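Shown below, as structure tokens, is a lone chain in the form deposited in one PDB entry; questions about how it binds or moves come after it.
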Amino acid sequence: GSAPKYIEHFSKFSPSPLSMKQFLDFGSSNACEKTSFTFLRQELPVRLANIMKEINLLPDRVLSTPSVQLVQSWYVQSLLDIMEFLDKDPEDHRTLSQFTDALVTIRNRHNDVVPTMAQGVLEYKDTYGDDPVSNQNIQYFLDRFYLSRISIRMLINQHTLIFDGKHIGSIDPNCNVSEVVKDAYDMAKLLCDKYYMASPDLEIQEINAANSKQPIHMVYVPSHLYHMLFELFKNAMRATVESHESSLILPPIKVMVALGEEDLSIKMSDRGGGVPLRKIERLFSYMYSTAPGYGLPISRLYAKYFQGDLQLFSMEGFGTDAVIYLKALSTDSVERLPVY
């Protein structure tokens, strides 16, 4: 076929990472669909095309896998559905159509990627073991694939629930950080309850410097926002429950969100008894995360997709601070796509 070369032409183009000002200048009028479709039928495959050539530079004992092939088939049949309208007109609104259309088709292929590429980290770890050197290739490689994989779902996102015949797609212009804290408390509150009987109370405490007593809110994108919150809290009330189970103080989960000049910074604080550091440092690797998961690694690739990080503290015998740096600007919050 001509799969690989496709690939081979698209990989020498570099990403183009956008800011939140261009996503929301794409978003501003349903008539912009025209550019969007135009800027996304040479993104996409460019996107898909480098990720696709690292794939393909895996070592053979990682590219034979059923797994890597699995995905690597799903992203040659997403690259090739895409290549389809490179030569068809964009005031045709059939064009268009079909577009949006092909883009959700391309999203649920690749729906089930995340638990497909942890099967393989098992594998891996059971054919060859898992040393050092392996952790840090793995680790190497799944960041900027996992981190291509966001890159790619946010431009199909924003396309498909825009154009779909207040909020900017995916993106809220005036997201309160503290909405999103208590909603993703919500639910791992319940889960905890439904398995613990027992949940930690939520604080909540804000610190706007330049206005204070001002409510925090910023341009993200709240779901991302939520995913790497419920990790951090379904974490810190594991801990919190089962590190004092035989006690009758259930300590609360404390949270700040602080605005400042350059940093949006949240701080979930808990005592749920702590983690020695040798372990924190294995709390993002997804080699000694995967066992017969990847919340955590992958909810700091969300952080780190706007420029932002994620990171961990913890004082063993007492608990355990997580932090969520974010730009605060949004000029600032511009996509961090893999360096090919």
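Take the two forms, find the largest set of C-alpha atoms that superpose within 1.5 Å, and that set is the rigid core. Positions refer to the first chain, counted from 1. What changes on going to the form deposited in another entry:
Here the rigid core is superposed between these two forms, and of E179, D131, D201, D186 the C-alpha of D131 is the only one to shift by 2 Å or more. A displacement of less than 2 angstroms separates the C-alpha positions of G273 between these two forms, with the rigid core held in common. Fitting the two forms on the rigid core leaves the C-alpha of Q311 displaced by under 2 angstroms between these two forms. Core-superposed comparison between these two forms: the C-alpha position of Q42 differs by less than 2 Å.
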Given for the second form:
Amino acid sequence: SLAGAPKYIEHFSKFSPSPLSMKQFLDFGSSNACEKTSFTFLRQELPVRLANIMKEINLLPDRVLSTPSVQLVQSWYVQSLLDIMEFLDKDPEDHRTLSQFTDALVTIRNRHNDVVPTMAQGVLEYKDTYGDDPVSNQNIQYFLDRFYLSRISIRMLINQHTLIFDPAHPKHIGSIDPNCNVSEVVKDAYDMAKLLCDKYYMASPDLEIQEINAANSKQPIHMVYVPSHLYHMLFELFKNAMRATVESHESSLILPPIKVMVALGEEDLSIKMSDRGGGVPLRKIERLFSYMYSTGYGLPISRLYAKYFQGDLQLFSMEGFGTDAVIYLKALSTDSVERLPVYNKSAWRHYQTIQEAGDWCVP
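Given the form deposited in one PDB entry, state the structure of the form deposited in another entry.
Next up is only this chain, free of partner chains and other molecules.
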């Protein structure tokens, strides 16, 4: 039988999460020896990651914390932590321990399947119940970036363990493709977005891809990456680019194509998606990444996927012309290291915000 959850949360929140690189993930084996190691690692690391973020949930404004949906998500995290605590005294040598552990991780993954839209309902509840205010809004924005990135990282750990120690492509290591053909993923995302655009508008822009392999001009561009994450980002970007193009060309039968450039440099693998969808004023760019205005978290969650392995996703528009979106990825698996929020004094001080006049003038 287990201690009360707060005792575990306090214990594990003292540790910092331990970021892994893509190479470390990829170089992990599938033997029983490896499964025991994964077990002993995860029964420490998953509680550390769960506890760290649960401590930050507590820093949210009372208004947001008081909402039923935020309380519900909190309750899922508590149960998931306790599920893992059941394994603290279990023997990795016992095969039943390992199989039970995998079952528990699957149960946790399912429990948390709807976390993103449930948190979004919490934001809506806060808005509806109290009205929004600038201070709470900035805290929510800061928190949600970290909460959703934390969640991405926990899902990564769980998927790697369950996929490796249970198909489509046996060459993958869990969810990682050591030879991801970037243009192929671009095409897959385009194809799916085209189906949607065609359904609603009966037309869609064509795709043009150009590759720039700086060091090896001949060679098709590949990388070590999780194709599902790359697909996610590109699909969201294509949906926006397609909608802009069609909606800004209502009187036209000829649609400008969406142009994608994939560039491979010494350190970056960059993917630029350029549309001629008429663009958006600079003032309105920030809103596209806001959880508050978006309550529709496609763009901010996509940018988190990019940031997760030390990349980024940036938007640059020319109002009256169109928009460029750029996904920046690390070219090398050794540079592709998890970006994980950590609960400490610096994190804590960020929530300690209050209402005041800013450091810049008003007329």
